[PDB]
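A single chain, nothing else alongside it, follows as structure tokens in the form solved without the ligand.
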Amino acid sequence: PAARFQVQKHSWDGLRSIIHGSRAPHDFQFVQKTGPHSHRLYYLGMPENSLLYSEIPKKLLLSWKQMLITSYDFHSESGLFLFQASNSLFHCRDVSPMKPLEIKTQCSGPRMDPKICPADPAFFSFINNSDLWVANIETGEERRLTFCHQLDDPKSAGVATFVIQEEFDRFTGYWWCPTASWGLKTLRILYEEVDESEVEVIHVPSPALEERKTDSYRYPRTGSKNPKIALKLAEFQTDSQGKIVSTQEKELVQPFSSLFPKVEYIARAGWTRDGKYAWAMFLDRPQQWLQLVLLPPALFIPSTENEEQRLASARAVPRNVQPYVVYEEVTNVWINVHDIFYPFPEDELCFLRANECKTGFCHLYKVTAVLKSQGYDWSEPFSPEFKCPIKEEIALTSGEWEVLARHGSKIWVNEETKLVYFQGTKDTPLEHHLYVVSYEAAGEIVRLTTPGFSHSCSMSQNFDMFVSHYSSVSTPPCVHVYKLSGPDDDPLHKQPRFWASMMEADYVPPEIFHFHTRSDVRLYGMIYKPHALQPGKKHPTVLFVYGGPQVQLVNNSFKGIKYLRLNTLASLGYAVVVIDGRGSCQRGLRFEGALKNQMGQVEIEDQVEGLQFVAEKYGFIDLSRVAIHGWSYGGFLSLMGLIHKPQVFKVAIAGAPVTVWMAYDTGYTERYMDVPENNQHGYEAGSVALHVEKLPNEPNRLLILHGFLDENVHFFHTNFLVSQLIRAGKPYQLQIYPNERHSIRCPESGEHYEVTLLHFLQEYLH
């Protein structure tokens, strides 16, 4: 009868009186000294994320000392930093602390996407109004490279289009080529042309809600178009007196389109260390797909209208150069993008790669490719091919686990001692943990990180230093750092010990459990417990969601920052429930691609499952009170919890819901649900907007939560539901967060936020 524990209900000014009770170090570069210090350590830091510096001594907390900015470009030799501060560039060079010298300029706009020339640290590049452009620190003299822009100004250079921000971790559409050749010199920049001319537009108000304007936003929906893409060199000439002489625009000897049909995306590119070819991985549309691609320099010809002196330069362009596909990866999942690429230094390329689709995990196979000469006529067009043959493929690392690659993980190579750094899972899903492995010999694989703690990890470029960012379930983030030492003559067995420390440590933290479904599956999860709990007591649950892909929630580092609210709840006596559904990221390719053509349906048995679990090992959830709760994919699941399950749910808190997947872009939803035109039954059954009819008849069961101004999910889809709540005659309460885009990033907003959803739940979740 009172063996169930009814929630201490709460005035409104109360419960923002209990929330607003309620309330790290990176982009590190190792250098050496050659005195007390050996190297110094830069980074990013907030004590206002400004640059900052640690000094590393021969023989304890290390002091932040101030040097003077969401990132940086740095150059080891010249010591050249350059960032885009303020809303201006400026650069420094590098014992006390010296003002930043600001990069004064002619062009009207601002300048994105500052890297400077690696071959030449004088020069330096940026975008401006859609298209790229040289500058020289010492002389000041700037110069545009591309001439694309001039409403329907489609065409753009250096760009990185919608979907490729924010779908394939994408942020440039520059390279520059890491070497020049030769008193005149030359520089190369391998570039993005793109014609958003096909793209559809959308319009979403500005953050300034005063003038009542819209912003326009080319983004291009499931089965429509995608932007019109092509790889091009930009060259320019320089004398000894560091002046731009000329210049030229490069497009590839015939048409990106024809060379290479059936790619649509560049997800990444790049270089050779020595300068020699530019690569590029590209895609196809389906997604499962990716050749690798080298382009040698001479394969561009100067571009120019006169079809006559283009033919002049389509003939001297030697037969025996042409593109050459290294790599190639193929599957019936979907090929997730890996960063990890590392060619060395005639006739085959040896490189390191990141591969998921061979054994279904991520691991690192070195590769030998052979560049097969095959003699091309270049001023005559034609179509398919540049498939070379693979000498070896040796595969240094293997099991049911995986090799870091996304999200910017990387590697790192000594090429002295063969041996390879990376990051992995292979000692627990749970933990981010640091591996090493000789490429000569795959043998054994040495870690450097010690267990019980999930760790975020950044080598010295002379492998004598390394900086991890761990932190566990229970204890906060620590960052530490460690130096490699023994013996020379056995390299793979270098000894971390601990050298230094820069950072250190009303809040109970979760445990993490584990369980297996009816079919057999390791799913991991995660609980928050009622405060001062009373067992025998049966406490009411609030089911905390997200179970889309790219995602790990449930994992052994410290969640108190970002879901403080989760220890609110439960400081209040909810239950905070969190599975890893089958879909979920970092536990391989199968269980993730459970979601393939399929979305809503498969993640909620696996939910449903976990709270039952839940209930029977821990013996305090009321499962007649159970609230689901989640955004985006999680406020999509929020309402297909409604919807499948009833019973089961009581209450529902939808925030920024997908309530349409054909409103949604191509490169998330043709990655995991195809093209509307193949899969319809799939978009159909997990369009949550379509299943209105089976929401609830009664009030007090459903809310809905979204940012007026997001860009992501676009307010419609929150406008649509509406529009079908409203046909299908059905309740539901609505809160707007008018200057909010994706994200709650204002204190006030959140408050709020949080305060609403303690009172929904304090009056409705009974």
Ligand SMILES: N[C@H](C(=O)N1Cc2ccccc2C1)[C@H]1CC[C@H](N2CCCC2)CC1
Second form
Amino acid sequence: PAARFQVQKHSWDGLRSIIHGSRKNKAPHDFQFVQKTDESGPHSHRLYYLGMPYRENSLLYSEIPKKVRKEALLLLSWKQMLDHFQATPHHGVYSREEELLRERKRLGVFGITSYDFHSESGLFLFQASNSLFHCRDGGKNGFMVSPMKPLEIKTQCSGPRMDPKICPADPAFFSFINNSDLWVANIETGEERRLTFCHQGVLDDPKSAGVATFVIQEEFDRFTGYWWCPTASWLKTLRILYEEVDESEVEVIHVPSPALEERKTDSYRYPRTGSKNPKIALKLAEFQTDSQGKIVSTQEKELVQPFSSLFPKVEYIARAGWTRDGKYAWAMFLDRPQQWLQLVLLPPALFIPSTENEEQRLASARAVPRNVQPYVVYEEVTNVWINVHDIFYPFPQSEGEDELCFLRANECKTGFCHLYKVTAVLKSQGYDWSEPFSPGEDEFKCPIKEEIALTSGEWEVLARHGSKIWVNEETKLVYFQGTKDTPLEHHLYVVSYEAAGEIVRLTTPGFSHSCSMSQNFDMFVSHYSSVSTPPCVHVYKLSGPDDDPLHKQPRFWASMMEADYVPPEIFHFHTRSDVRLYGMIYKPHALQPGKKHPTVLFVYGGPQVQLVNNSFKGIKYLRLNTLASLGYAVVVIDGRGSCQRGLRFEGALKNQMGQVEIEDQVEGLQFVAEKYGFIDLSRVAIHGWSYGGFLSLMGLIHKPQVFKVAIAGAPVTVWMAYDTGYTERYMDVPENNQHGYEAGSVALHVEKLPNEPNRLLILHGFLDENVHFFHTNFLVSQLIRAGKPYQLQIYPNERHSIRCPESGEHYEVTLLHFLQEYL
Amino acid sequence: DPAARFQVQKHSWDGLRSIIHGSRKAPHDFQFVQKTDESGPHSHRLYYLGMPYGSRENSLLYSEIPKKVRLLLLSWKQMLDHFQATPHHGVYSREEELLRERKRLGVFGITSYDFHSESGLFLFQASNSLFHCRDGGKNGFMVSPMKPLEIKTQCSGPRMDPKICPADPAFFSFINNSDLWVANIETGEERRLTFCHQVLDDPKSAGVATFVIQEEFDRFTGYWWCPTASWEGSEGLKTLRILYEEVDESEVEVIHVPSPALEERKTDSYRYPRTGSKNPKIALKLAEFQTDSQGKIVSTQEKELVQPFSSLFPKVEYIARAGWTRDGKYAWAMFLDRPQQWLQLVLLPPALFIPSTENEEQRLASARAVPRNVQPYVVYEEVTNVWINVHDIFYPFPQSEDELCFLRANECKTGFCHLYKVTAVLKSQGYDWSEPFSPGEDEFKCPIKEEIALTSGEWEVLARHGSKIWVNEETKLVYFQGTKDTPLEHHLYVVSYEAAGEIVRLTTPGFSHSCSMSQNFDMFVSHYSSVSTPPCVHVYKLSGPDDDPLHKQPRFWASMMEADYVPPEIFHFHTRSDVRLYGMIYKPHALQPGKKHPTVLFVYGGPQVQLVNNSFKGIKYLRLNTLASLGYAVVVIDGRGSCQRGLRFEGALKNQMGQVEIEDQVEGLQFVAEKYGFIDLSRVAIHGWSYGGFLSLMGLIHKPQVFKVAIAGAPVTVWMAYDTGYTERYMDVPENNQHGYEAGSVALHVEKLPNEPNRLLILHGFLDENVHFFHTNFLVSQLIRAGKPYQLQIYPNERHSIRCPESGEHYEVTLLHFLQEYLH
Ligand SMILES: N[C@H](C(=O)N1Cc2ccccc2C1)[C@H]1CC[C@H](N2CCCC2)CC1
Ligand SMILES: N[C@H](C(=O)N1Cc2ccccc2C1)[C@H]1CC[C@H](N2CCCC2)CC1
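Please give the other form, namely the form solved in complex with the ligand, since only the form solved without the ligand has been shown so far.
Let us now look at the entire complex, which starts with that chain.
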């Protein structure tokens, strides 16, 4: 009747102006806290950070003062580090390597997106333009009051120098990756030295060193393949643990180059579900320097026995690094089903020089002490899957050798991620490293002396995707981030790692916080917001008696950032299996109760993402507000398989992706229809990108009477065509889950898609190297065979995401027109 | 105006599917073998390729032509017993599938074959191997089908372009891995003759026509058997010769097109010369081999021109054609410069070729050795201000020395393709083949003794795309096809090459004929049809006294083939510049005068094609009849630039592609509006594929108030992305025609496209290796930048043309829906 609200129909030009009007920069992040060391001065700290003032991301600093009036709020000035410097390459065009890493990192912003910092010398090291640059501030060099030009580091290399890092033991040196091999150089003398020789004169050249391969980067959130030893030994020797990789047996596929006029593709090693991942191993590279800084010698070392024989079950190296004294290297290992993890200590003496000579090799093997061996200090096991959590803090071995104390984030134990203090017993069995042997199961398993829960409950410690802990050893406290208060807000917490009792929250409720702690534990920064309020960045001092450190009171010190949008509203309901799901609704603008409005169910719905939480959405999800301003109801549901709710909630997806997610979405939709008076269930569109697109198609397949149209972007339509890392973890290998692979692949159910045109819009970025355009291509193929209608939009200069603003606007205008006309 | 406007009934998608499904629910490549039995009842056996209607694929067949008749319908007899020539699920090798595209070959099975008349030996490609069978001559005529014999090989990969050695049928040749091979069919012995091949580090090949030669110059071979054997050496060895083209693609651009193995997610590399970019480096080489009495291949030799091809013929960019004289005294080549405005017919004496050696010293000796009188002879040179179309007619007569008499099809002389008899004088200047040689502007240009026009007038002899002449030397008559009667019909004519007087037509008017003439000139076949009648295939016997062979009467001997569709109507009109253009209309079925109907202007409009002529359109253009049955008027105009109207008609395109054609189309549309009163000019849609998609986009760009919607398929949107052969011929090099490349490139005029959605539907095959998907991908890129709506349909398992019926049906269903919903 007249109850049905009708969206105003605009011309295309009209829609373009509306979208253009709606859209007519990244808050400080990546901080370094530095104490001044000057009682006379008016500043206690200098805070260094990356940020973008109201053009490009750049290195910046603020001065933290010694006293504030406290009658008024103090706003800190963003001072430029560099004087009129452009870090973005000309026309924002990066090399294939640098552009692919921005993709893997989901980096949109231009300029300096990472940097290294050496505290003692005040040395900053970073990629800029298509080269390497550096500058010095603080420490022995002293604190500038105005910007200084960064100095380009000269190289006789060709191609980009990737993943640069300062030597922690000696800031005269630094490392980088050039043409799939490891290099080192001395900033002070300009001397360059290559340490690995896996690359030659690229189906022909399949070996690399120091490099994280595609799946490692896309599916394991590791972007480096090497790790500086934190100390030197005495000439003086320096060390680098590194992953050596061989992709020969890995499948090659071709994706189109951004240079469209060239009409060429790029080749990738793409391990599709069910076939070979690269062959990998951990190696060690040494090099000696004299007192003048000259690189005297270098050496390539390998495990005394093959890595494949020592660790037969290991499929991926998730993480690596060293103990703080440089005693032991360490590596986090994973099996192919991703159900068994191992933290392993590799003592350096375990590694011997590589040589072609079998005699020399046996001499080096005989020489290795019998008491040197791998130590498997930890092992996590599960029936679902092992999420890679990044927390692992080895304490120095003060209580002598033969034991190792560390903190560890474990989720498999109780089903949620919590902190544990662990003491593993290192007891050398004694080995004949000269004779080869095949180690069995639990061959290097350390007995666990003790294992204490530091945190517990129906909630999780944040330990993935940049989340970290801060451990103060004087006070025996561990600072961390979590959902203890609620799954919709991230908060900062402190708890004793000595006496695991009271967890104390340091962040204010109502808001979700992104925090950085000073290494001196005297102050932290919180970048936070709510659904109703734009984000701010405040500086908090921890004040109180030094005899009660757990109860330091965080006191607001200063602010670094502050602030036709209508915020959405968070709600919750329970499913017909009594599971609590959260949701979000954008109500139509100028709502008139009694009207039923057309509705857009905006969806993602896969693992590792939570859309519904209490933080500001107006930046990333402006289009959803735009839809609301035209008078659409917009509904977002976080169904089972979504994250921040523990393994068992996420685990509802196991081996049946596509099957569980829509029900929760349909439940949520029906709930919203009762609660809020304003949903017309006769006019409901489903729409998402990536996992969201896959689900938009499943929604139309399985629930055609509920969803009138689907707008599906960048979808995965054939699970056999997706990679190993992601697919096998949640769906098993295809040989072991034909039912799920088939039931979850939308391209194989195309008969179930509609006979009515205008109900399915497909969208996909032609350059997509993650969800290959093949997915859309194969779906149309099958749509054609089944005699089904479709509409299609291509983004020819876009990969998985749309990043060019004009393409984005076109995307939003198209979406508005499709809905206007056909919903 | 409400009642007047006819409204197409709007169907559901499934309804449209049933309509397309309901709607969709000949002999060629002949050999006339004379049967030499007086008592028998059959004068000849006629061998040919054909698809029986019951049969799934093309196959080698035969009919028996009887001695006397009393309406005879001849049986199609199977040559091969229950043989599948199509490989599994019609899946050819990349090499054979790309050659099928280049040849525009739709049908499955045996698409070509070689035949040696004396031995009665047939040689052809089948499965993914080579097959052969024997019939007639010394073998004898079979009465029942015979299983074909496979030819075993040590080679790996496909054996392409098989040809029987004319001088000795025991031998045959083929291309394996970009090199020329020969083999003795009787002994099964194989022998490789070139070594250009050993991916992108292997750019040399031999005996092979490269992409552009194939796609743009209608040559599918790069080797040519010498037709006569030789008998020179120490002790009784027999020498056989093959002329061939060596090619070096090094400096030619590489592009990647996706593989038909979609699930592989890979591409193929292609040497694709874009306009203005480098073509392969070329030369002509000679390969000889010697055989003993037992048919063993004793030796082989790689030979080459005593002087570089690039110094002897410095202006030559493309080898259009080549071959040998019938006595094997000279090899010949047709050459073309890069602008394709200068052609040369050149005779290459075999003695002009010396064995190839890396040794500097040996080459000098062999060069010195070459006789001083030996040289190339440029017997013909053709020049023009427009472009040289390549004409296949060149018939050298046997010599009876010091001159060469030949027939030539020439278009540049008068502006129309006509037959000429030419006598060129061969007089040797004398050259030191040892010294370096740099030639003058007319170094080997033979004087022309005489040059006679055998045909003349405002009409053309057919000399391209399979058209050819037949020359009977006893009677002095040349037989050919032409548009002399009218440009809408192909007819068979006979004129004397001895005495150029009366041209006699042998085909019946009212139809367009495709004819094959017997080598004995006693019998001929015509495959013909009209706009209103489906094709037929009749056998005609030439009769009359031998006193006046020019005046032999064709007499119907027998038929090989006989016979809601409503044919279209041909019409003609005159432009405001007083040019006569032909058109075609399909009237809406069950038309009610006074109604105004929505109209589809179906277009192509590019050179080398003519849509409007008097022949059956029902097979190829069924969809246009389906449109008419729904109530659309469908119009087709042959505007300036189209073919079979001579060079100057075609020449109006020159360096302004996209600029002239639409005017002729619009004139044509408005004309049809006045004559027939059933066209609603407020509802006109433009649609075509290939050149027609390019024009559909130009129609909407330049005439947005004339065309409400455009449906463009496989279009070229940026001329810079297109190849050298086609583009440079009609549009010059990009550095010499920046205005025209820019005005003719639809992707650069995207601002001019509409602001209203549902006015433009773009279609393109993902696997297109001719008009790369890039073109559409680039237009979408530009559309997005300009903020312009578009719809788009991809054919993922399809190159330039849609061949999977499942996809074809979907394409039509999509078209009807687009028209129904958005044409208003
Ligand atoms: N490899 C995955 C991917 O990009 N996918 C695309 C896609 C599209 C359709 C169906 C499934 C998939 C999986 C990504 C793994 C990391 C995850 N991040 C979110 C916040 C931090 C970690 C996002 C997904
Ligand atoms: N290479 C050309 C082609 O395929 N083109 C596609 C296309 C699309 C848009 C704009 C221009 C072009 C040119 C074809 C050359 C051979 C010719 N044949 C017709 C009958 C016998 C010869 C047809 C054209």
